[PDB]
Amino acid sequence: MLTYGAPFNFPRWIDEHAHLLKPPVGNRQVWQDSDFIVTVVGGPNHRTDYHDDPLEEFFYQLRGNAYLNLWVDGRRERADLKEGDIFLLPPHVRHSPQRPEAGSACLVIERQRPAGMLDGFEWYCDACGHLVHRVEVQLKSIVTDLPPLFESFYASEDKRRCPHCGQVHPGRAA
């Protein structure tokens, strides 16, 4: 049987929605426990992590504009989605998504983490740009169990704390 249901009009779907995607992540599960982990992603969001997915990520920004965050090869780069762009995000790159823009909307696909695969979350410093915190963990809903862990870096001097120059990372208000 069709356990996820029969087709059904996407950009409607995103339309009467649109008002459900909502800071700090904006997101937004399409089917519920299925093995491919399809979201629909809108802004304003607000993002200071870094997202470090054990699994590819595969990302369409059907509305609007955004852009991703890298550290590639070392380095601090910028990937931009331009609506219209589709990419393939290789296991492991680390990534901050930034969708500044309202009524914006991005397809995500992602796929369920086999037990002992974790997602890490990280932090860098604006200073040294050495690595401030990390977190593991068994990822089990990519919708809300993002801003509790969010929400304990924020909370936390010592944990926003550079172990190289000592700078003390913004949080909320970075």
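Residue numbers count along the first chain shown, from 1. We call the rigid core whatever largest set of C-alpha positions still superposes within 1.5 Å between the two forms. Compared with the form deposited in another entry:
Superposing the rigid core between these two forms leaves a single residue from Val143, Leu118, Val38, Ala127 with a C-alpha shift of at least 2 Å: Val143. The Cα position of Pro23 differs by 2 Å or more between these two forms after fitting on the rigid core.
Alt. form deposited in another entry, vs. the form deposited in one PDB entry above:
There are no partners or other molecules in what follows, just the one chain.
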């Protein structure tokens, strides 16, 4: 049967979840226990962590604008997600999504990671660009598996200490 329910108007769904598409929640997964992880991400939200996804990530910026800070060819690059833009991110490309606008909405689609395929979350030194800290995780639930990770990094000067120049990363806010 239709395990995930019948079709429904997306724009309306987005409007109805506006209160969740802003701090402190910021995002909302559309269907539960599905192989395709379908999420709508709002704003505003800025972050310093870079994601290392073992699988591809699909983006469709439905409302507003956002951008992805990346590490392409060993260089800090930016991929803009202007309203109406779609994008497919190859596996492992380091990315840090920035969503400055309130009312913005981006459809983001990923796949459930199989046992043994880990996601990486890392931070880089704003001084020398060296890797500061990396945590690998078997991502099962973003709600319970991710927040503590980021929190443990912000609360630790040790984890935030660059092993190259000794500069202590700011943590939560750049």
